[PDB]
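Asker: Listed below, chain by chain, are the residues.
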Amino acid sequence: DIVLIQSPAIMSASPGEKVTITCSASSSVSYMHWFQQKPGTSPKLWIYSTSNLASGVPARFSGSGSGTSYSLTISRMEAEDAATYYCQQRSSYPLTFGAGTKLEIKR
Amino acid sequence: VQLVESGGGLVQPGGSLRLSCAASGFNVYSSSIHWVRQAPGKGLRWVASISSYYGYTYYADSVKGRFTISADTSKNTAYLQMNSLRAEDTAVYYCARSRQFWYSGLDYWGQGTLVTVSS
Amino acid sequence: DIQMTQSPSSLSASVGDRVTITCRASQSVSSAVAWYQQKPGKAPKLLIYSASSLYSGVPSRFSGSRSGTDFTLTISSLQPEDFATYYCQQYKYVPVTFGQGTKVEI
Amino acid sequence: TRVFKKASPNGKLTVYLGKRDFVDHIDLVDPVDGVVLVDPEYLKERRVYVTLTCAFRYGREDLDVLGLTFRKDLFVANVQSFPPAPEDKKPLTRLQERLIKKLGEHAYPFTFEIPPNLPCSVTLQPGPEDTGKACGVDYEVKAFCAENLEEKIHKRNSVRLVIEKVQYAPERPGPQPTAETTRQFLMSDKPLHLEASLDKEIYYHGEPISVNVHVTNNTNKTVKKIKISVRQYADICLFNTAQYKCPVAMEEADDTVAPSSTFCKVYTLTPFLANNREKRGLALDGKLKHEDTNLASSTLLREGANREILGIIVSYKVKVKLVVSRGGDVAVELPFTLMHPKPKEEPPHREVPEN
Amino acid sequence: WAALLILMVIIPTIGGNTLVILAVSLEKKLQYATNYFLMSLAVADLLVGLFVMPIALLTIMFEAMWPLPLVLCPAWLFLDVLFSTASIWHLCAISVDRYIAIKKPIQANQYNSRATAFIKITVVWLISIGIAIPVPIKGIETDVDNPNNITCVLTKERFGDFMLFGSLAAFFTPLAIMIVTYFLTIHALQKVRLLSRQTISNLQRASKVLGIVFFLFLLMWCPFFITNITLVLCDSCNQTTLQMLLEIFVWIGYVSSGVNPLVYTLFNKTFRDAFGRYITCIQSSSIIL
Amino acid sequence: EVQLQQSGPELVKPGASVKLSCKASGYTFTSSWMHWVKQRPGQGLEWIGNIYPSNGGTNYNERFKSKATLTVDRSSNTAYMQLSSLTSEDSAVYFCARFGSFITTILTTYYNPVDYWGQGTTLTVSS
Ligand SMILES: CCN(CC)C(=O)[C@@H]1C=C2c3cccc4[nH]cc(c34)C[C@H]2N(C)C1
Ligand SMILES: *[C@@H]1O[C@H](CO)[C@@H](O)[C@H](O)[C@H]1NC(C)=O
Numbered sequence: 001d002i003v004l005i006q007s008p009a010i011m012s013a014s015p016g017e018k019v020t021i022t023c024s025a026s027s028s029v030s031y032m033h034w035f036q037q038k039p040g041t042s043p044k045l046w047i048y049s050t051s052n053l054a055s056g057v058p059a060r061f062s063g064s065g066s067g068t069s070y071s072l073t074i075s076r077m078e079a080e081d082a083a084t085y086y087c088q089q090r091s092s093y094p095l096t097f098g099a100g101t102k103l104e105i106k107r
Numbered sequence: 005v006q007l008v009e010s011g012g013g014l015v016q017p018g019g020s021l022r023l024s025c026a027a028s029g030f031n032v033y034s035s036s037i038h039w040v041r042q043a044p045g046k047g048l049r050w051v052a053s054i055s056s057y058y059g060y061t062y063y064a065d066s067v068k069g070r071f072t073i074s075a076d077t078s079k080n081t082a083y084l085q086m087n088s089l090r091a092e093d094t095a096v097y098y099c100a101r102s103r104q105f106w107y108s109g110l111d112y113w114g115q116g117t118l119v120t121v122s123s
Numbered sequence: 002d003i004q005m006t007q008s009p010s011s012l013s014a015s016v017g018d019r020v021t022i023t024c025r026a027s028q029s030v031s032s033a034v035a036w037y038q039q040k041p042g043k044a045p046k047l048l049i050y051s052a053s054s055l056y057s058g059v060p061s062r063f064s065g066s067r068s069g070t071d072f073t074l075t076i077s078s079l080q081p082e083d084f085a086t087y088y089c090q091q092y093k094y095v096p097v098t099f100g101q102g103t104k105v106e107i
Numbered sequence: 006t007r008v009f010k011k012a013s014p015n016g017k018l019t020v021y022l023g024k025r026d027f028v029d030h031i032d033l034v035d036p037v038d039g040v041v042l043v044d045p046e047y048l049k050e051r052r053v054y055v056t057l058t059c060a061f062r063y064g065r066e067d068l069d070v071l072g073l074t075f076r077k078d079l080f081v082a083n084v085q086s087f088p089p090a091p092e093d094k095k096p097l098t099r100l101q102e103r104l105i106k107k108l109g110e111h112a113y114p115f116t117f118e119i120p121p122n123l124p125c126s127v128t129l130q131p132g133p134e135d136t137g138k139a140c141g142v143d144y145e146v147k148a149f150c151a152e153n154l155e156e157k158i159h160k161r162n163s164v165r166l167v168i169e170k171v172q173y174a175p176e177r178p179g180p181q182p183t184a185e186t187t188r189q190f191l192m193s194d195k196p197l198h199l200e201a202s203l204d205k206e207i208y209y210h211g212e213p214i215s216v217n218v219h220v221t222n223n224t225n226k227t228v229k230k231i232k233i234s235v236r237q238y239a240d241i242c243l244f245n246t247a248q249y250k251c252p253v254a255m256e257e258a259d260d261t262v263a264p265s266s267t268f269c270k271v272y273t274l275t276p277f278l279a280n281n282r283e284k285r286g287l288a289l290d291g292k293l294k295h296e297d298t299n300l301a302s303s304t305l306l307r308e309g310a311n312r313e314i315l316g317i318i319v320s321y322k323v324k325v326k327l328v329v330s331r332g333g334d335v336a337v338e339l340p341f342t343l344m345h346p347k348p349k350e351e352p353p354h355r356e357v358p359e360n
Numbered sequence: 056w057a058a059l060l061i062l063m064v065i066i067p068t069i070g071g072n073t074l075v076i077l078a079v080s081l082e083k084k085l086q087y088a089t090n091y092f093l094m095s096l097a098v099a100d101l102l103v104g105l106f107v108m109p110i111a112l113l114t115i116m117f118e119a120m121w122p123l124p125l126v127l128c129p130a131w132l133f134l135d136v137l138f139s140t141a142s143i144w145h146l147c148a149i150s151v152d153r154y155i156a157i158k159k160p161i162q163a164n165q166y167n168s169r170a171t172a173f174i175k176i177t178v179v180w181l182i183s184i185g186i187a188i189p190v191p192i193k194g195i196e197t198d199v200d201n202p203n204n205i206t207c208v209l210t211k212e213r214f215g216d217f218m219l220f221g222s223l224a225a226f227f228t229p230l231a232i233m234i235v236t237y238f239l240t241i242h243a244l245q246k247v248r249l250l251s313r314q315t316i317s318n319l320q321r322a323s324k325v326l327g328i329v330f331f332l333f334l335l336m337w338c339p340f341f342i343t344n345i346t347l348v349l350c351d352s353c354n355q356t357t358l359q360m361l362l363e364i365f366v367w368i369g370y371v372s373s374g375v376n377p378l379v380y381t382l383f384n385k386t387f388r389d390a391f392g393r394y395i396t397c453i454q455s456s457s458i459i460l
Numbered sequence: 001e002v003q004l005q006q007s008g009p010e011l012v013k014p015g016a017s018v019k020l021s022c023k024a025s026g027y028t029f030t031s032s033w034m035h036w037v038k039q040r041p042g043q044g045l046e047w048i049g050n051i052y053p054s055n056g057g058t059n060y061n062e063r064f065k066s067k068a069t070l071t072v073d074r075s076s077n078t079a080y081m082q083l084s085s086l087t088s089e090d091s092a093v094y095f096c097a098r099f100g101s102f103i104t105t106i107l108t109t110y111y112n113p114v115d116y117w118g119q120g121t122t123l124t125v126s127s
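Top line first, the protein sequences correspond to chains P, H, L, C, R and Q.
Per the deposited numbering, the first sequence starts with residue 1, numbered consecutively.
Per the deposited numbering, the second sequence starts with residue 5, numbered consecutively.
Per the deposited numbering, the third sequence starts with residue 2, numbered consecutively.
Per the deposited numbering, the fourth sequence starts with residue 6, numbered consecutively.
So the fifth sequence is residues 56 to 251, 313 to 397, 453 to 460, counted in the deposited numbering.
Per the deposited numbering, the sixth sequence starts with residue 1, numbered consecutively.
Note that these hints are calculated values from the structure, not bench results.
Mixed in with the good hints there might be a few duds.
To be verified - Within a straight-line C-alpha distance of at most 16 Å, the following computed EDC-like cross-link-like pairs (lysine to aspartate or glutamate) qualify:
#1 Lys385/R / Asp69/C
#2 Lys385/R / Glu134/C
#3 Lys232/C / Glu356/C
#4 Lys93/L / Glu356/C
#5 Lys385/R / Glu66/C
#6 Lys23/Q / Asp73/Q
#7 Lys270/C / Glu200/C
#8 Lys44/P / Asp73/Q
#9 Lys46/L / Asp83/L
#10 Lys43/L / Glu9/H
#11 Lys93/L / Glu359/C
#12 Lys65/Q / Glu46/Q
#13 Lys385/R / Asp152/R
#14 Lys385/R / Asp135/C
#15 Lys270/C / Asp260/C
#16 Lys193/R / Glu212/R
#17 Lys84/R / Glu134/C
#18 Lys10/C / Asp38/C
#19 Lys83/R / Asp135/C
#20 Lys175/R / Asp152/R
Using the sequences and the hints, build the whole thing.
Answerer: Quick look at the structure:
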């Protein structure tokens with residue numbers, strides 16, 4: 001199995017800031033995908049092929065990747081971006097998901 | 005009617021010599037050309053022969069590999085090229101004509117040329 | 002290759018006599034021989050082909066005959082114009098071969 | 006005089022024949038006569054039969070890969086020599102009587118007559134692959150021993166010989182060939198006119214052919230090139246009727262004729278076999294057993310009428326062509342004859358100084 | 056055990072084709088217009104035996120998974136299609152040439168040449184390449200990128216039209232030509248033998325030989341394409357059962373390639389004569460009256 | 001407009017079996033796989049299995065081999081997942097989803113995004 005570890009579990013960021021989230025793998029993989037979920041709503045695809053933004057995503061978000069290391073960053077934090085983010089791999093069966101990272105506001 | 009032979013021997017101790025014959029009244033494609041050698045105090049011999057209709061050339065055993073025969077249709081001439089001469093090759097040479105359809109004998113003969121090889 | 006033996010080597014004859022020359026071959030050449038005449042200092046002239054046919058323009062005194070592998074040439078009446086050397090050739094196989102040649106002397 | 010004899014593998018049967026080449030005059034053909042020597046002790050009650058056959062054979066190595074071989078018969082004749090037929094009453098030639106007198110009473114004669122209209126002997130070029138037999142018309146004489154004609158014959162009692170049927174050049178020369186042609190282009194400004202001729206009609210083997218060419222051009226064009234060729238035509242009838250054409254000699258001249266001009270020239274050509282080895286299907290005179298032979302000679306026919314019962318028919322033509330740059334060509338053909346003259350002695354049937 | 060059994064079929068193909076190629080290329084006694092076409096057929100069969108069958112055996116040995124990298128799969132499919140189509144069209148062309156030769160013997164000899172052989176070879180290979188080209192353009196679609204957990208096969212949903220039309224073009228079009236040619240040739244043989313007194317047995321034996329040769333092609337190549345068309349055109353039919361049969365049926369078509377060269381080379385006498393030669397390394456007289 | 005519709009909430013007693021349905025609209029339904037996912041309350045996502053509609057091929061997670069069964073109906077355009085031998089731990093939201101794919105030609109391979117998740121349904125087991 002390919003085990004993914006996601007950090008940090010809970011993070012806080014005031015509006016107008018740049019933040020990063022890390023996802024690591026047990027074994028080497030080719031590519032990683034990232035999903036976003038809001039409370040009471042099914043998850044939606046957010047980033048695919050380790051760099052490409054899905055349609056409708058703003059320009060703030062960015063992705064970085066390599067073998068057994070991946071990360072998601074934002075240029076400037078905004079109030080509308082508080083949700084839960086998951087990282088998955090689509091290399092070999094069975095498919096696996098990350099634990100999840102929760103973002104909050106700071107005031 | 006006539007065969008004219010030229011290129012007499014130039015007293016070549018060792019080297020190459022070219023003998024040529026010119027024919028009048030004969031078509032090359034209807035006849036065969038032969039060379040006949042006569043040594044001093046000896047009988048006749050046979051050297052080489054050519055037939056143009058089928059494209060064939062024949063040589064004797066003694067001169068094989070040192071002599072070459074050819075004919076040219078444009079000028080109605082026959083050439084014998086002689087290489088690596090020796091003391092044995094001192095004689096009088098004759099050019100003769102036969103009939104292609106069909107062979108009877110060497111009926112027209114040339115005048116002949118003298119070739120001498122000396123030290 | 003075929004070896005042809007000719008005889009007699011030399012003979013003397015007077016005017017008006019009849020002379021015969023003979024030749025033999027090791028193998029059968031199947032009636033394909035020719036006879037040539039050469040005067041001193043000049044090229045040979047054809048006399049008889051196919052061992053019996055007489056060349057056009059040749060006086061009828063000359064005759065040729067075959068028996069087995071023995072070929073003979075005969076001259077009936079000798080004249081002052083008939084002193085030369087005579088050669089015999091076979092042409093069934095390559096290379097063609099000539100005989101030694103015999104001299105007729107007065 | 007010479008006589009040709011052959012003996013069977015076991016050696017009881019011998020056949021004596023006078024000559025191997027039979028001349029074919031237009032009206033009639035030379036009879037085929039000969040003698041056969043037999044041994045009466047070995048022959049208990051069987052008979053001796055003689056058969057002449059004219060056959061058309063065509064075999065291919067590609068077909069021989071399978072079980073394929075094509076043979077057709079055109080002429081068959083039969084005769085009973087020994088025991089002598091009761092009627093007898095047949096005149097004998099001088100050579101037959103001499104042969105019988107020289108031999109004993111066991112020798113017996115035979116004679117064959119050939120009808121006028123039959124094909125002559127012709128073969129076709131094999132090519133690199135074919136290495137078996139030959140293709141074309143052939144004439145054979147075979148003598149065998151059999152109790153009855155229907156019975157199967159064996160090699161021990163059979164003798165086979167091959168003969169030929171040939172033709173020679175006529176004495177009287179023919180008229181001089183000639184031809185003339187005019188062509189008009191799209192705009193009717195003026196015509197282009199071409200005339201061609203040969204020296205004479207009858208040509209022997211290995212002699213030059215001289216073509217006289219006379220061109221006049223009054224059109225607004227340009228003549229780029231002139232081409233002279235000699236072509237062989239062969240008509241064959243084996244399961245089908247077909248024609249076949251091959252060029253034997255060619256010549257290419259780059260002479261340009263300007264508008265409103267005239268031009269005159271003489272060209273010389275010779276057909277020979279040295280440079281025609283690669284061409285396949287070329288017609289040749291005919292071989293006894295695997296020897297070189299010249300190009301096939303023309304076939305002479307009775308002029309009043311023709312009946313297609315013949316295998317191979319050969320003829321020749323000369324073609325002159327003008328190439329026109331703007332458009333179109335001009336072409337002209339002339340017929341001639343190519344044959345041997347009559348020989349005083351019978352032809353040798355092999356290479357004379359054979360290697 | 057399957058491995059040795061499959062290897063003793065893989066080896067004869069390579070051996071037989073290599074012998075033919077070497078024999079044709081080496082000696083001049085065998086160099087002429089017809090043999091180049093057989094050389095082309097031998098090349099096609101050798102390339103079938105060298106690349107396709109070993110990889111197919113590897114996929115059989117495992118659990119039908121793909122061991123080689125992912126990109127190599129479309130290339131393998133393309134090579135398979137190209138080689139099989141080339142071999143089939145070569146057989147059809149040989150049959151047509153045989154009929155034309157038998158019908159008119161003299162015309163065939165004149166028309167036959169080296170240039171015609173080159174033209175025919177070029178045409179056949181162009182047709183095969185043109186038929187086999189579209190496969191690599193539309194690549195396979197997979198759920199994951201790991202080669203270890205996917206399987207290479209032409210799915211119906213992605214390639215249904217291609218399978219239908221390729222089956223129609225590659226096999227049935229040659230089949231119709233061979234079917235008509237056989238009857239025409241046999242009819243020609245019977246009428247020809249009717250007209251032209314001891315050559316009957318040869319013609320009959322040749323007819324039998326032709327019949328056997330045709331039956332060998334039909335039996336080897338028919339069931340696979342019938343099953344493929346049935347799979348494409350039958351929605352009600354169970355797909356798993358058809359796939360199980362198809363996987364078995366492909367191997368008969370593979371074996372046909374190894375079987376083919378022997379039939380054409382062994383009957384030819386020139387090949388045996390050259391083999392024997394290399395392994396090694453009454454008269455008309457006269458009388459005078 | 002691709003749409004996926006699912007059955008409503010379910011309340012079942014301990015020790016029973018029940019099936020859930022997913023109905024598709026807007027595309028072929030035979031050219032893409034179907035995946036099933038389970039999300040516990042306030043927990044991470046878990047993968048159950050997937051099914052390929054045309055020939056019925058399936059892949060299963062090891063931990064859920066005994067519990068789950070997958071079926072399909074082409075004419076009705078429905079996908080069914082059956083759960084049996086339910087226990088207290090098995091009470092969460094269940095999603096049926098359609099994922100993207102990889103297309104690989106002889107030059108390169110590339111991924112095309114068509115991901116879409118239907119809204120889940122709630123299953124509770126209580127006595
Ligand atoms: C078992 C699976 N495989 C191998 C991967 C095939 O089905 C191949 C598919 C072929 C194929 C499909 C569709 C059309 C066609 N024409 C010619 C062929 C063809 C050849 C044929 N090969 C022999 C088998
Ligand atoms: C998928 O590939 C991985 C590669 O290591 C392997 O471990 C796993 O067993 C494969 N999945 C199967 C065979 O179902």
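Asker: Each hint: holds or not?
Answerer: How the hints compare with the structure:
The hinted pair formed by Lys385/R and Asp69/C meets the criterion: a straight-line CA distance of about 9 Å does not exceed 16 Å. For the hint pairing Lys385/R with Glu134/C, the CA-to-CA distance comes to about 13 Å; that is within 16 Å, so the pair holds. Proposed proximity of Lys232/C and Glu356/C is contradicted: the alpha carbons are some 36 Å apart, above 16 Å. Distance check on the hinted pair: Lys93/L and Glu356/C sit about 9 Å apart at the alpha-carbon level, within 16 Å; holds.
Only pairs whose Cα atoms come within 16 Å are accepted, and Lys385/R paired with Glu66/C is accepted, the gap being roughly 9 Å. For the suggested pair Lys23/Q and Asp73/Q, the alpha carbons sit about 10 Å apart, so the restraint of at most 16 Å is met. Using a Cα cut-off of 16 Å, the hinted pair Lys270/C and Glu200/C holds, with the two alpha carbons roughly 11 Å apart. Of the pairs offered as hints, the one joining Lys44/P and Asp73/Q is violated, with about 27 Å between alpha carbons and a cut-off of 16 Å exceeded.
Between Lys46/L and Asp83/L the alpha-carbon distance is near 13 Å, which keeps this suggested pair within the 16 Å criterion. Only pairs whose Cα atoms come within 16 Å are accepted, and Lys43/L paired with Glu9/H is accepted, the gap being roughly 14 Å. Distance restraint check for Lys93/L and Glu359/C: the Cα-Cα separation of roughly 7 Å lies within the 16 Å cut-off, and the hinted pair is therefore satisfied. Under the criterion of a C-alpha separation no larger than 16 Å, the hint pairing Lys65/Q with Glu46/Q is consistent with the structure, at around 14 Å.
Proposed proximity of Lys385/R and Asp152/R is contradicted: the alpha carbons are some 20 Å apart, above 16 Å. This hinted pair checks out: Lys385/R and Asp135/C have alpha carbons roughly 13 Å apart, not beyond 16 Å. Between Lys270/C and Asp260/C, the direct Cα distance comes to roughly 10 Å. Compliance with the 16 Å bound is thereby established for this hinted pair. Only pairs whose Cα atoms come within 16 Å are accepted, and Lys193/R paired with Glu212/R is accepted, the gap being roughly 13 Å.
For the given pair, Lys84/R sits about 8 Å from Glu134/C by alpha-carbon distance, which is consistent with the 16 Å threshold. For the given pair, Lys10/C sits about 13 Å from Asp38/C by alpha-carbon distance, which is consistent with the 16 Å threshold. For the hint linking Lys83/R to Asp135/C, the alpha-carbon distance of about 13 Å falls within 16 Å, and the restraint holds. Pair hint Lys175/R plus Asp152/R holds up; C-alpha atoms about 11 Å apart against a cutoff of 16 Å.
When the structure is compared with the earlier hints, violations turn up for hints 3, 8 and 13 and for no others.
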